[PDB]
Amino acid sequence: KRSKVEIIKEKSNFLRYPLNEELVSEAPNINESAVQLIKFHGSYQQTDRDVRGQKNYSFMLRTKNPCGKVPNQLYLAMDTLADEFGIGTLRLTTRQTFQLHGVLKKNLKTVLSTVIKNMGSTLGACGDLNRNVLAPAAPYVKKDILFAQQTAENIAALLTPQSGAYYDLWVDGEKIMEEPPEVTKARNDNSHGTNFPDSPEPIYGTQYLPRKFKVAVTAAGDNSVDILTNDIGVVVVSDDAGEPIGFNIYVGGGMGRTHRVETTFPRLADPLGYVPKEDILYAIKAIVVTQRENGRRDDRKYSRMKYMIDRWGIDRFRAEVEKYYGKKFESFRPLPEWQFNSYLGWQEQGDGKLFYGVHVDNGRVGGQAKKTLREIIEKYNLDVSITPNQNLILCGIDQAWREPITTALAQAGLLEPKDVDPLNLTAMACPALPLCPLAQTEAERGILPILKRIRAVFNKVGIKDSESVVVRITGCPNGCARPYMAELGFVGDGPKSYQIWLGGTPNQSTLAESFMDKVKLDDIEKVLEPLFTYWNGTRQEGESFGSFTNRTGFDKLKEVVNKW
């Protein structure tokens, strides 16, 4: 027994048909087969859910940018495309990519080929494939940060579709201007029966993966990447002099779940083991292959790797992976405590240049903010990078540029961290309505008024305005803003209501739990005021809301809410 998507992939000639014929039909949309295929090419057909009556079809596009790195030429091309063919905005994402919403079917090939001819790609941004690979977004020249970044690039390249469908459709097969040889040799290796050596996809095969697959790379300590949520987390381990020697690996995280279906759940990734640095790409493929061959393909709700690991347990999974790796994992090595880093504000690269992280609420770049960011990036010929908290880092800045860049940013309303509510600095919301077809309610368009209401509750209770909690909001339980790691998570569960989740911590090292269902938007103060009063009244010195939640436990918190 096999899902509808499996058959679509099977009969597509490696992601070509009938997408190829649908792209040139006169209709404003494309058929269901083509709807599923185009995801693999980094585009999503959407309809605007605000405009009553009619189906206004449009296409969202998502880029592929390992480590969040965006060359100058790409940023300029994307900025112009958003205005010419989109709806005037770029959307920075929780996986360090751009989305561009609103593109009409007839302009889609113009847009994607422009991306392609300007040092970018959308290949594999969606689909049953490896998604954008995360890495530390800060452009530090420190050796282990550079090594984390190189590794994410290499992993992304390894797991890039090889069929040629992408260039066939978007640029009529022409050639666009080299991967390290370690990548090529790893991809080619079949000493342990990992590959399909005669297939146009030696790793993916005809069927690709059972579902999206997510990888995050970082250096010890830096949890900007929210590593525990990914299919694979990879951590650089270095000797005492800061020279990288290998990687710790984690497996089997995921956020996605469905309301009222308790066999679906978020899950933290398990520590799997350590490998020496030369082995990383072999170990990554082994893991991918184990999911390829064993993840469920009958029911897509249960297809992500977190489920096979939940069913088999981590030891049986390890053993299976070790058959494709051809050797044993070493013991996972100790790591320091995780820390969240925003990379915001003025900092040093380590090579004489500065970087500046720009706070962007929800990653939505538009209006004057967009115009000013483009002027700066273009005038100073800056490369940039996207952070997993939907923010933008301006790289490679000369000391003499710091003042005029600062002045321009401030003039457009783009404030430095010290002038932003600390709630906003760590908050995230998904796009949800109006273009998300799975949204049950608002997230991006509701979060800002929610934050002000939280700050007003703090004020009322007597909490200082420099105190904060991590607030994440989604419009549905898919978890695109990783709400299940929040200190205070709001997960859409009706048209005007949120399920509230507590128990995440400031460094994203813990999984939250479901605290109350169907809290109506108007009622959130009834829940938040007692919680925050009790935190303020009985927290230990400097104890975060999340740690306090986990120490106190849900029975006592519910009692406090119920007696309010």
The other form holds:
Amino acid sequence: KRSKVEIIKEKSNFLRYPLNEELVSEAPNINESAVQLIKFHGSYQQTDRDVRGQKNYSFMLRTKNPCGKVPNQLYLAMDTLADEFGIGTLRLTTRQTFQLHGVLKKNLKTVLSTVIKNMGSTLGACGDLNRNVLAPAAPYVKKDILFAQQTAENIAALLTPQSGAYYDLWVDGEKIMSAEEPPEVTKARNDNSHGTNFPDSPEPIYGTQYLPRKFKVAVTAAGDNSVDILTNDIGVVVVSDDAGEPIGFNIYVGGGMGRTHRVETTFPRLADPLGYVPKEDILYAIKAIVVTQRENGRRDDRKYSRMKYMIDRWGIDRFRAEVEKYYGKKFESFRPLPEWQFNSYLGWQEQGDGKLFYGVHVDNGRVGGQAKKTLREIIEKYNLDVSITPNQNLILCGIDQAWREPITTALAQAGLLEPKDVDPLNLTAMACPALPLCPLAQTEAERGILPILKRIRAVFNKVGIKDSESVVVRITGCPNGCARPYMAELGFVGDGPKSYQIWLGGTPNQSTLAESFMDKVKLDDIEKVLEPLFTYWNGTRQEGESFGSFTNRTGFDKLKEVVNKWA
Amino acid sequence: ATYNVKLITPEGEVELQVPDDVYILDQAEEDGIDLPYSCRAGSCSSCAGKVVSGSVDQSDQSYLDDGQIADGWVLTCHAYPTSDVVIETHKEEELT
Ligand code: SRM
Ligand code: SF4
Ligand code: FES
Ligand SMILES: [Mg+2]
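I have the form solved without its partner chain already, so could you send the form deposited with its partner chain bound?
Then the entire complex follows, led off by the chain already shown.
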């Protein structure tokens, strides 16, 4: 048995057909095969679910931006495009990319070619392909941060589709000028020393069938868990020498959030420590891992296709041994690492080269209205490059000291506040878009989170919890987990028209996996759960103990009893 | 408008009253009636039923093609009653 998508892939001539013919039909939508194919080119057909008894089709595009880095030229194009062809907003994402919603089919080619021609790409932003590769968003010049970022860029390059359907469709097979890929990447991509490649294929790594499902990699330096490393298919951590010189990488494998309500055979998972490789080996080890998934990940049932399942089934030792056959050597022992710390990168900070950066807090990544206009004026006036963070925030990079005051002023006039002036609950909150354009949403997330945050702060006040205190709150409209709610101290996961499943047990540094606490909590009822939990936390926590640590220490039995006993 | 919705389940006939702005699955569960589901976004066969009399608005759904809807199949998670309606539930296997 093979899923319908495997056949669509098989019969597409490397992602061209019938997308090619559907893109030029008079219909406002495209057919089912083309719907599936266009995801590979970084676009999703959507319909607006706020308008009922009538389908208004539109397309969302999603960029590829390894490390979240966005060149000034690309930022200006995306901003203009959102107003001219979209619905006036840009959406920063939990994988450091932009999404642009609301593009009519007739304008879709115009918009992707514009992106292509302004230093951007949407290739493999969706699809059964490697997704945006995460890295530390802060533009620090510190050696190992720089090295994390370069490594992420090489991995994205290594795993970029090579078939040419992309430029064929969107820029009519034009040559598009880009900076040359490091010889390291080309050489690793081409290596077939260990039977990893299809050397006669237009896709020497992906082959005809690409991967069984999406594949996600994050890269970081020891200690910095802004990337939420444990949720990824591969987590890669730079290991240095005492003098700060990178020597190698620790690798984790087999994380993922996706699950389905009532299908207990689906579940979120933390990535396991796999091993260590010397720095020159990294692209070889990464391919070895991707090829293991390519060759063994289930293609019969898409709910079980992620790499996390093959690792759950096989166990990490059998997984490692299989990967080593393609790497052609053995992993060294995983090297001890320091404790993880979450970093928002928000506020005014130093790059280390004399310039400043500023992290702009953006609720839910939604950039629109005056805030959008003000950010574009700043970014254009100062010719800034920018960086998108995995918490849906934006960093303004490369700022002269003398520009600090004028920028701070302009941002304040637009209501874009410095972290000291934002409720700490907002600073660490995320929600996925959900309704109205997500076809999978069961309830609101982005459009309901901010009244929920205010409700949580009201519970804190009522309990007598200080206003500098906080918990990580993440909300999704369905259990796919796009805002990583299974890592949250307090997750709400849509499970009915106005009800959420509550998850607890995540920690402030995203080092632990939350567990399902209660099902079908109605939106109206959330305080009946929260007030007793936060009363018990305030009354019994140890000094400075986070709500997530407290949760894991006290355990669900006592927590349900406190909640039960309130009602 | 609220309609009589008779559900033919492997266990019995249950009769419920559902508003024309409330998905059949959503109302059923709200009463205490256990029906199958997975995605609850009209994108699969989990909640599949058969319409045996009456009509529904299931235009939010996306899984079934036009032929299958013409044959009276329904995704109950994404279906609004538009009349009194009899539905045989737990028909995913039949489909499928
Ligand atoms: C925009 C974004 C959420 C956000 O607020 O930022 C997002 C939004 C969507 N996600 Fe996601 N996901 C986003 C990161 C995540 C993450 C987080 C991460 O990667 O760290 C996860 C959990 C990690 C994981 O994959 O397990 C995530 C798990 C999914 C899933 C479940 C995947 C699975 O294997 O089970 C789907 C559904 C699917 O692929 O079948 C999904 C699919 C979608 C779709 C495309 C719905 C669809 O399939 O048509 C989303 C569109 C909503 C809209 O209207 O714009 N999205 N998605 C984030 C986009 C990241 C990117 O640029 O690539
Ligand atoms: S978690 Fe579900 S509702 Fe939210 S964007 Fe992802 S697929 Fe849509
Ligand atoms: S539950 Fe997936 S279609 Fe209704
Ligand atoms: Mg944010």
